[PDB]
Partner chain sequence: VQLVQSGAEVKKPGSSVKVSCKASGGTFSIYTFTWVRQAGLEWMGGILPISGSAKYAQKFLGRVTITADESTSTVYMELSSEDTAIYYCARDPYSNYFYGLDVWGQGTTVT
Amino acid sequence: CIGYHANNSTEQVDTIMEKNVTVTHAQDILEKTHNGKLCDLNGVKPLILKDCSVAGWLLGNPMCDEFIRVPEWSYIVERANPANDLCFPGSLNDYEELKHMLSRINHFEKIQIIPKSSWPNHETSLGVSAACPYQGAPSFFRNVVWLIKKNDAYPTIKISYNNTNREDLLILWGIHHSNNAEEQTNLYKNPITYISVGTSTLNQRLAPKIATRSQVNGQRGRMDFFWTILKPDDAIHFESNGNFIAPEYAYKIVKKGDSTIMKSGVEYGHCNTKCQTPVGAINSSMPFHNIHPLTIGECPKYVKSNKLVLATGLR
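Structure for the chain I just gave, only that chain, in the form deposited without its partner chain, please.
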């Protein structure tokens, strides 16, 4: 006799001209299983922030004091609409570019670039606010200093810093917008103020805005923050006459590569993979999937389908 036979299994497939044929021992190339746990990439372990944002972490939110330092990482995990964020209303200039750059940093370290004792003619103690409390008493940030009049005045500030290290730095500072004319005299005697910051490739001048605004978190004032990067020989120069939030700590980076942020709330795990989805981790060998489009790393393609089954089988 002739022919080949089989009597086992049940897997029906469809073709371009027929739509239901029983295929024996078929196989699939569609990824639809996953472990619902957040795990580790190729060596470098992710950065996990529980209830803080990037701006709150970098600037030293009092409620997020646990994240003192982390050596190095690959990407970032952050919940949707984190509760803490900035305690004082305001904004951070070029927030998205900073978040793009902070991903995939291969060296991170805190150093004291301007000590607290280098302000002999100013006041650095009574700069606390009631919108950033701590254990039932008012407080403020940790990496920045709000400077106000010491005796009765506010002398012009001319400070410079030379980058003698062998690595780049990330420096942050800010400005304050008041409520009316009578508020400024209580903090900075001078009525008309400015800031001026200059580096080799930077040039900037600012001035505050005074007006009436609504109430957010019990305050009608605002704050604006900025950032820059300097090179192993550059020097940064500051000049202020008022409304200055001077820096205390800077950061050291090496900046090789780029990545993105992840928004999810899944639990941590111990795995090794190449790509990660906001719902779980996948060790992928098939070239297609339908789990979730947004991804970090090398991942198979998105098809929006459930029935990719071809393999082989007689009859």
The other form holds:
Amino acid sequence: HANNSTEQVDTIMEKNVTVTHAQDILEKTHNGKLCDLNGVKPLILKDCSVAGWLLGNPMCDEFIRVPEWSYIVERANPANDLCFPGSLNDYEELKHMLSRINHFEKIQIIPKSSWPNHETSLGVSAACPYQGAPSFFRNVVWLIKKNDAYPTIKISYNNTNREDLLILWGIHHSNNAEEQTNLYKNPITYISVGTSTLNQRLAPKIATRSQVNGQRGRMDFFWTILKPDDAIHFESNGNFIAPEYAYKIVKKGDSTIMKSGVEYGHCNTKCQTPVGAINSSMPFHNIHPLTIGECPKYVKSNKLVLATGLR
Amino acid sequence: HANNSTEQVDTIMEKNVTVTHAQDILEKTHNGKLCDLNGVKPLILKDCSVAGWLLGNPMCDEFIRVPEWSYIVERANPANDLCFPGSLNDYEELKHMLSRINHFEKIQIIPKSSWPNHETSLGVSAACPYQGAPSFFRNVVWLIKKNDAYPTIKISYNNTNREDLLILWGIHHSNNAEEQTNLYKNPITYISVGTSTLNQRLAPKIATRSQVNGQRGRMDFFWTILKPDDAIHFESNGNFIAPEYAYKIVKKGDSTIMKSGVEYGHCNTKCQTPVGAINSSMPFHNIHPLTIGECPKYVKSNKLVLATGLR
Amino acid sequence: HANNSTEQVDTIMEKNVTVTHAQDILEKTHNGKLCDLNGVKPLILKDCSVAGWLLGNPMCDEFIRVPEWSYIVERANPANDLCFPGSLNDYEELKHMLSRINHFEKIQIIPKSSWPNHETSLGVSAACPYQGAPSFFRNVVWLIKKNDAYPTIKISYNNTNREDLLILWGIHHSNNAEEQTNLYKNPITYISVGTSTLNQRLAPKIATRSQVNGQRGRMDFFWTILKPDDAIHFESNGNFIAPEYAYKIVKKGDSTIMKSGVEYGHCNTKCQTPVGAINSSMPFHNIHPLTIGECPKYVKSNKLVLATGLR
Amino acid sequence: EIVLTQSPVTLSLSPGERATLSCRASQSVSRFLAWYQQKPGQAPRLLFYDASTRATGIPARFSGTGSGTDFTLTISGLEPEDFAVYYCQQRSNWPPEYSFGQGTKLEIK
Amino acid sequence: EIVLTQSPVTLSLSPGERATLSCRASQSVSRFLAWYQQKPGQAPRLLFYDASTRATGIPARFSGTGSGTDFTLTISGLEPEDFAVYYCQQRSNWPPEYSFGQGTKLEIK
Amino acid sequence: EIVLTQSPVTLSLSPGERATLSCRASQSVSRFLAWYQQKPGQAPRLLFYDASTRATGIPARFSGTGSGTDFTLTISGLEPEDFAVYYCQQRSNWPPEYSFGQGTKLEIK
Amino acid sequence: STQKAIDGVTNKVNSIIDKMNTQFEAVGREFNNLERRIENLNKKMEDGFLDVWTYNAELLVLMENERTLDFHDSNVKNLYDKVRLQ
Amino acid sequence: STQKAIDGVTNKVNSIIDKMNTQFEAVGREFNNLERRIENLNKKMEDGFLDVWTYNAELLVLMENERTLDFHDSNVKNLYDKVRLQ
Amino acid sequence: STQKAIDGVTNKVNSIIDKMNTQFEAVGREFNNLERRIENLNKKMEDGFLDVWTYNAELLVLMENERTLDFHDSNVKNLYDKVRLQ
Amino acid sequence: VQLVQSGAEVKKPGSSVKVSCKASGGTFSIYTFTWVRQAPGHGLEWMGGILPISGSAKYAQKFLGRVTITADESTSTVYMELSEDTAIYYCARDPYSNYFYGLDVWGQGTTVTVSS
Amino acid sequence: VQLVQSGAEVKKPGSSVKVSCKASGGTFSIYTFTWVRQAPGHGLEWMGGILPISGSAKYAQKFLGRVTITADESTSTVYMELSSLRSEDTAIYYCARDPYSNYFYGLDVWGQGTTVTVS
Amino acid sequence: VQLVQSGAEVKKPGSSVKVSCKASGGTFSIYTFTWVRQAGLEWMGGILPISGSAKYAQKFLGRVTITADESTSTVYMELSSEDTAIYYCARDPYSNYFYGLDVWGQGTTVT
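Just the form deposited without its partner chain so far, so send over the form deposited with its partner chain bound.
Starting with the chain above, the whole complex follows.
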């Protein structure tokens, strides 16, 4: 037998053997645009971190309600993020709890009318402005004294719904004694949270620090999970950031938090890679090793063609 | 050459080639019953956990003295566990310390006659009853004020023996303020432990924590390791759970803390898969990849016959 | 073809086949002496730990200034080490920051002349003597009351240089209350450190402990990294162990912290196995699998010859 | 803002055929449009939404495609219930502004 | 409770031959059966235990198997120190209750 | 203590050839020596150091090797500015101990 | 006769996937600034698994090509010898 | 004939654990609720090691069967040709 | 003639580094006495990687020797065949 | 969620009206509300609305700076202040934030007569 | 561990005897202790006993209301109280010891016994 | 770091002269200073200022006295009878290895 063609293949003996018609096994082309997964439209946080979405950033209002999604896309060094300097405790365990939640249901617990002896409107800061005017977060409330009083808080909740919940609260790390005695009349301060599994006690930290975003102060946030038929108890004497909105878990499945910069275009996709859409039908791919959904395997070489013919 | 047989073997080309007499390598048959290992008889904790055994669960009195063993067998979702709600700190490190201890010896380090001005027999609860009557753990002591007084505690111990020791103590997390002034007298309380390479200070927590097993309060236990010529020092003002019995380490070796559900019958076994005993000679097995003793390697292949004959 | 030779090789079928001239691939000999890497001359901490060097152990004054090095050689069970018993927090993280710094630079920050109302020369101990006379670490100052006063300390430092600094401070864990009263007037004491990313508050511990190195007391040190244009703020009321010397970073490269007991001899070596210098061109070695620099891979088999001839 | 122009207002037909519509564009709308029909004397309704897909309750007789720059409504199999006036709508960026069309009438012959 | 019956009380024996005992269970005893040999005058003495296992002090002359419905105790070579009465015992579940047999005698032929 | 003796003090020479020096060792000093060059009326200047290598500002004309027990200083071509007295030095123990030689003279003819 | 030889069993040749049913799928985890001791370990183990798998894939492709060429010359040889003997 | 080599190297045909003497032995470690990342990593690397060793075992058994049949056929071929020439 | 086949490939059979270039380089990390699980995990993973690599190396060199010997037998055999036919 | 409106009223030219959009049925603070005008010879028009959390309004550009829109989140009621005007005015509802599906929930109407 | 018993006494039927089982040489609080009774023509019998760490007793279903067994764990002694003696119960009594709890090896150390007379 | 000494003075023999080794331009507290005399070359020893000691020369182990002050960058010497000539000063860097006395002085004559 004999024929004519202009292909090549590699073998153990030699690396430049020219062979007849072969079959390619590696994928090298990609669409380079973010598109939908099996009809479900993704979530594109344009310039916003997860800490700014969950807590509620004044300049992140476009995601106050979202439908069911498939994956979360984020941009590197996002500008908006979290304004008032601080830290979310166990920030990286939360991002592992995510990528397993495919739906959220914002719910109203502890309404704004449940505080008769505490102010809830004069809690603005210049570090988080809105259209030139001072503002603050939207899913939490910063309690301050009212009529020269900060009475003790004893509140509770009971998860009557079948679905679970995610409750977020926080603490204020004041700068000096004058600031604390201005916001809250009591110098000594503590917060306690008690559930059927959690037990916690915390106190503030008064010290001198540097200037970050023009703010010499810090705040710390925490989170927990509540089960059906159980209860959560709060108790504080000051430095409290009470919650207003919770999150209901309705669906569980496979997702992925990914970091990218590609724009959004309307398509249908099944093998979305961090930097480009993929729709192929060959076993091996080469672009990026962090994929979502059904996808081919990942290698690093560039000449995976395996010969099929003779000569 | 030619003969007659009805065997098969898999090759690179075909997966249904029928071949002559072959040799089996994979081992599938197993005996489903937990039995003895090299003569030494195991330890079967019927429906108790490890914390209940070490702390002296009233409903787990069958293991108050145990001879030399080879491995520890437990059952999933054990009923007894810790009656009083709480948590053993570094509970996963203790279970890693075992599987390297093959013998124990219970020693009386602090007798009941060393507590003149302190009650010792009024520490019962309805969480752990015995034949209806209330009771408590057996290897530790719950101290309570006597004659309206809780004097400061200052005790020590020097390990004169040529072996090491395990010491278990605890703290009490009272529910409200009235309870602490009922059991004890001093509101503010602390606990201190000091050894050559240890330093620790702890204080209780007062809050509301829902309801587990009908008991609202909690407990917390801690552990340590002592050395010959070393010493341990205890100081406390209340909320103290003093020890009675300690544990001596007299042998080290290979063990395993496995979970199973199979009953017990008399045998002589050499390698114990946690779902069934195995005694074979061919170098590959398939049952379960957690073995104690000397077993062949584990593969997930459903068939591993390698041919020896021709055609 | 036919010749005469006395080599051997191993194949899939047989293991004792003798073959003609072959080519060995595994290198088994070594120099067995520590030498210099590419001209750059190493650092030999004869009997001294990393903590003792960075703190300034009195019997380690041979390393007060050191030129550029390539790696740090250390000896197991080092005698000198630390003297006044205690611990270094996150000590394993510090030794991971090393092996990434190739050059250091000692810089004088707030000096011995910046403490007007604070004694700085009567702090010594018998745990770390010098030629019989008592002494103390040289990169760190112990502050004691002076004319019956320990005024609060408020100091700061701004990193004007284009390099980063490593600052070390500490706390004193007094044994009894009388000792604390003797050293510092105020019974209740604390230390606070505040930077653009750090926030720390600590308090001493008083208890009863054992005797190690003849001292019934403990010390604890801490470390941090500063940034250009950043600032560090110190505040304390007692039990403060102030710093005198800081450490600069001017080069970052590849290094390695080893543990060995071989002597030092003049050479020019390229790859330095922990037990002996190696210089060869074979693509496989067998001595020790923790190497610095470029040199072949590590295997465990005792014979890796590969045949080249016939018969 | 964006202005839109629709197909000729007057268009008459008889049952047994297909009826198609058209809604233009001025600068760019991408895929942020909606549909409505208004029978005389009541509030408007909601046909195929998302400038393409359909919603629950609307019978399968109504249909239509579009996006890009041309919009259509391929209503086939004229039934004796399809007499009303149909309109167009578009939406804008963050905090948004809207702009409606002018309407088109399909009548009986 | 559990009741046990043994092989018969009178059994003449002379040196040179070999003698063997037995006692039978009623409902079920897994492996809980101990042994004793009581020479006249002194306290009861220990023997083979666990119905099969040996123990320190007892010579290798005495032996016996069991661990089942049938329990046995087999001698190998008679000695002039093997004249006494031998019994049976068993133990119950975690609340521990016991019971003893009636005993078997042995005398020189 | 360590004692050192150098080459004979008097050594006349003329430009156009080489010159080499020497310096004894006594007990071993390994590689902890230093060189010098003193001209009349000022302090010396470190020519070579590490008992082998050279430093900045010293012309390439000067050289010299040997660490173990040999000590040399070789010039390539005699220049009119190479006329002075040169010396030898060492250092011992961790607490600094030192000792110097006697010196050698190279003079024109 | 290539249909009986290789052309009818091209499915297996392109079904390399049957051996690579289970490959180490990389997952996205991160760590904070004071925990670089296991972030490093995670990075090295992920890279090691990837390197192991690519080495396996490349070396397998190499044997497959070598065996394919050997098989082809085997056919040319054996039909050569039957047509020679007959 | 075949007993000279095949039945004599039958000890090498079996006892494959001579080369698979040191396999990754699975051990049980338990992590608590707030250490999901480490437990996840442990699970994934353990499964990866098991899969690697399974791939190795299957690949060698395939090659051993192939080379065994090849040995038999080449052997009988060489005896056939030598007895034909003789 | 051997220069065209084996002597010209000596640079390839030697310096196997071109395929065994990405090996798991061991890096030393230290843990305290209250992180025994992590240190144990590090030990087992490092030992497993080293074992996998030495397995691969020994297997590779074994087949390299086998194919080299078979290659010599094959080309001397076919050279004998052609010189006999001619 | 159901929508009911004020009713009917008659006022002389130049004055204003206070049509309402009373509703109930769930969390009212995260929904989009707008207004549509249907004067006889005017087809379909638009005026704007308010997201209740933010506390602002994106008014129209045809009648730029004409109307005033406000909302109260404690009673689930939106407002509008409109200070040729004889027209009926509807109310609408748009779900979701980052995507546009359609004004699914519609009201029933409110007629205002001007006359003279 | 040695288990020498109390002694001997004589008392007419109907009464009670407090036969003691004294011991020393280890931790007495985690050990099993029982009683064996020997009337002349009655082979071997049994009553029950006490584990000194619990505080109960597992009596004999034959005469579950006959005896009363208690233990003191501060002096390493055990008691027994059988009441309403007859002419049948006249001969000696014995005490024993059994090690371990989750397994049964055998009554290892026995002692020498206590003799009584009834008439 | 530049080095300049005290000057010159003439006194009766058998007495002592305090020759200084003033310098400036760096961290003086971790540097090694020695003394070289010329009444060839000779040695006396010096002081590492951070330790507070001296290593006197075994030739005249009881002759010289060396001290250093770490607030002004100056080293002293006490020579307490044919000494009628100059006395230099020097400096070598680094501790664990020896390179050489790079920075030399200018001189000080005492007769």
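Think of the rigid core as the biggest set of C-alphas that the two forms share within 1.5 Å after superposition. Residue numbers count along the first chain shown, from 1.
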Open item on the list: Which residue of 64, 286, 253, 246 is the mover here, meaning its C-alpha shifts by 2 Å or more between the two forms once both are aligned on the rigid core?
Closed with: 286
